[PDB]
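Q: Start from the sequences and build out the full structure, keeping to the hints where you can.
6 protein chains.
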Amino acid sequence: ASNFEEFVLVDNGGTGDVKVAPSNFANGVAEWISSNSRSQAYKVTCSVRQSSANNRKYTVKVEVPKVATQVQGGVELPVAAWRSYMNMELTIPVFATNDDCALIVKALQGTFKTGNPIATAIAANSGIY
Amino acid sequence: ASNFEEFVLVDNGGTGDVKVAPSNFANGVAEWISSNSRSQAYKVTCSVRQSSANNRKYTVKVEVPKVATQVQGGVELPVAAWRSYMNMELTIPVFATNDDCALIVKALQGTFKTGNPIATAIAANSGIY
Amino acid sequence: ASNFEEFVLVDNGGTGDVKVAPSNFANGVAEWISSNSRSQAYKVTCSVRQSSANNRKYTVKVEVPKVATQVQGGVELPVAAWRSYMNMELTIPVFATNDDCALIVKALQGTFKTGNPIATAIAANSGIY
Amino acid sequence: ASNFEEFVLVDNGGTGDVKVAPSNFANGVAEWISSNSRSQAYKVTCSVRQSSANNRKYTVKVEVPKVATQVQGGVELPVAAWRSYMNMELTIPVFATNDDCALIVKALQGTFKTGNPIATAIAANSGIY
Amino acid sequence: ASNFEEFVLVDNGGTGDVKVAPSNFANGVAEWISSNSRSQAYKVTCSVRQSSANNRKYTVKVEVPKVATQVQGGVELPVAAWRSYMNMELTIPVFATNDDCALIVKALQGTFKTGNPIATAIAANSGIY
Amino acid sequence: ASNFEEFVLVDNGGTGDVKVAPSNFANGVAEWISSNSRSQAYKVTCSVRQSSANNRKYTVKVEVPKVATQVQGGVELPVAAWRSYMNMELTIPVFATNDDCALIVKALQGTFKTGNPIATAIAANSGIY
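Here the protein sequences line up with chains C, C', A, B, B' and A', keeping their order. A prime marks a further copy of an entry chain.
Per the authors' numbering, residue 1 is the first one in the first sequence, and the count goes up by one each step.
Per the authors' numbering, residue 1 is the first one in the second sequence, and the count goes up by one each step.
Per the authors' numbering, residue 1 is the first one in the third sequence, and the count goes up by one each step.
Per the authors' numbering, residue 1 is the first one in the fourth sequence, and the count goes up by one each step.
Per the authors' numbering, residue 1 is the first one in the fifth sequence, and the count goes up by one each step.
Per the authors' numbering, residue 1 is the first one in the sixth sequence, and the count goes up by one each step.
Cross-link-like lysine-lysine pairs, in silico, BS3-like; alpha carbons within 27 Å at most:
| no. | chain 1 | residue 1 | chain 2 | residue 2 |
| --- | --- | --- | --- | --- |
| 1 | A | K66 | B | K113 |
| 2 | B | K57 | A | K57 |
| 3 | A' | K19 | B' | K57 |
| 4 | B' | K57 | A' | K57 |
| 5 | A | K19 | A | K61 |
| 6 | C | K66 | B' | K57 |
| 7 | B' | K19 | A' | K57 |
| 8 | B' | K57 | C | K19 |
| 9 | C' | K57 | C' | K43 |
| 10 | A' | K113 | A' | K61 |
| 11 | A | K66 | A | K19 |
| 12 | A | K66 | C' | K66 |
| 13 | B' | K113 | A' | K66 |
| 14 | A | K57 | B' | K61 |
| 15 | C' | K43 | C' | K66 |
| 16 | A | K66 | C | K57 |
| 17 | A | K61 | B | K57 |
| 18 | C' | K57 | C | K57 |
| 19 | C' | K66 | C | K113 |
None of these hints come from the bench; they were simulated from the model.
A: What follows is the structure in structure tokens.
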């Protein structure tokens, strides 16, 4: 089996889906890259490292690119105009049963689900109010 | 309006929902607390701070608690046996149009959606393979 | 194929089979664990590295946990009272054909078959004599 | 009991099985061997000793020939092209009851049994994937 | 996709083709091997990693036996008389679109294809003239 | 014979085949280039040197150019926006017969055949997985 698999980061269902794929799995760092020029790929990575005696820590980052064409001295190139970076750390005890993990997950999803206040704020370039 | 509102962090639909609510909004730090003893509440926070000249940065953390009862010298108390901590930073340019934000969001959701490899790994206390 | 797959390490007929799943493959160690909290799981790992120019080495490890619930600071936690460790190292010439390997495997099994003396004495808290 | 007796290390159905007999018990180390030039022999050895004041250790080793193209009786150099070596340490807590050992054994059995991934990979001269 | 699958490395028309299968994926390095003593096997491996912040690198290697007078199964020393090694680095700019890569591939194909001079010379144990 | 000959590195049916010609043989590197300005040509090179007393090494390199016109000091010049580099090293025992070589060649081709996974992933901005 694997879970080191291709998947959709972005889902605007059926059409402009941004799919990401196994690039490489260097040092307990799994790298997922969207297709096309790396210069404007999306990227996701993850790792789990044991930190304290009681803790494991996942570390996940995501890169979303604004796409564009750089033109310089009459040479056009695919570049990212900029990128935004999400990056996170999750700590889970050792005593975490599987059910616990589940729960956690849900909480994460939970925070970011559309309509819930984080999720909305970000999408508005806005804060809380 | 507000977006500083109550909401569900955890959704196992209809029944054991973990709902979180406005606690306080101290210094550009919005705090959301589940009900009951704070000693075993879930918690979410967020802030947006402008960091560089071109960047805004959201900072979000979530705390999920393993609930239990501490008993000591015949006194029982509601405590968390432990907690796991998620915590993250998202950086978004200034040039981010609203549509861009949207996209980002989706990517985040995307990473954490059940079945996608992160999401699964965490829930298994597992890594990539 | 992808031989990386779950299997049952402990065959107790059908009732409480300690079955073990893939969990991590970071850095070329294949990790499989049971379905418990990390504080408690069975665990298996495997790896091969190419030692002299004439051999390879498989390295396999097995962790068996005696389970329980300990009370630290008046709270109860899942934990192992102790563990037993198996540890093994195997070296095969390069020139070993596929058949040659099979042999090994069988032999291995031979060693450990229920009723064959090693197998016995281990399980009897005994020495061979 | 008395364990030290012949057994079948390799069970080739009913025919061209290799039984391994007692060959030496010097130093409380049990030696079993097939019937061959020592160059070519299958050999098994095993010893328990107490190690930490919390553990005991069974120490088991198996040597298996390369048989493919082998020439019975020959001076086949260099020996290390011709043999694969197995090596094992099993650490078993002092508290383990007899049952606990059974379990252990089985776990071993488990890891190794045909069609389970270790087993398969060894025999295919393979890694995990 | 999922790429990691068996293929035919050597296409001997339809008969005595050598297919090469997945054998190891440790460290995100893809290993394919024929079905042989490792001494005698065909093997292919491949890895991408990002190198400069302008380049990526695929790193590909192929090992091919000397088969003439070969003795299947044997201890054939010294190994390096018996195998030819191929080695490759492909450096691909970050800007390359998927098409650009296609092209590249083809160029490779090109250099190598039967009846084109590299190809011919290798196979004649030859130089260019 | 004189295998030093032009050939088509890039087979695009019949329409814009990047065909490459002999250009230089100075110092035992065989150079072939496309028909562009030197600032822009595809290029291939090859050489063999006699490494240990037991092997030879072919060294082949391929240069693929992404073409364009840059304006330096308000004048336009033909130039490559970037290049991709292929680089390869091959080692054959001395004892390789002619057949043995053929094998190599084919294998090589095997690697890189359109649809066989290396070939694929390269062209897909992907890793094998």
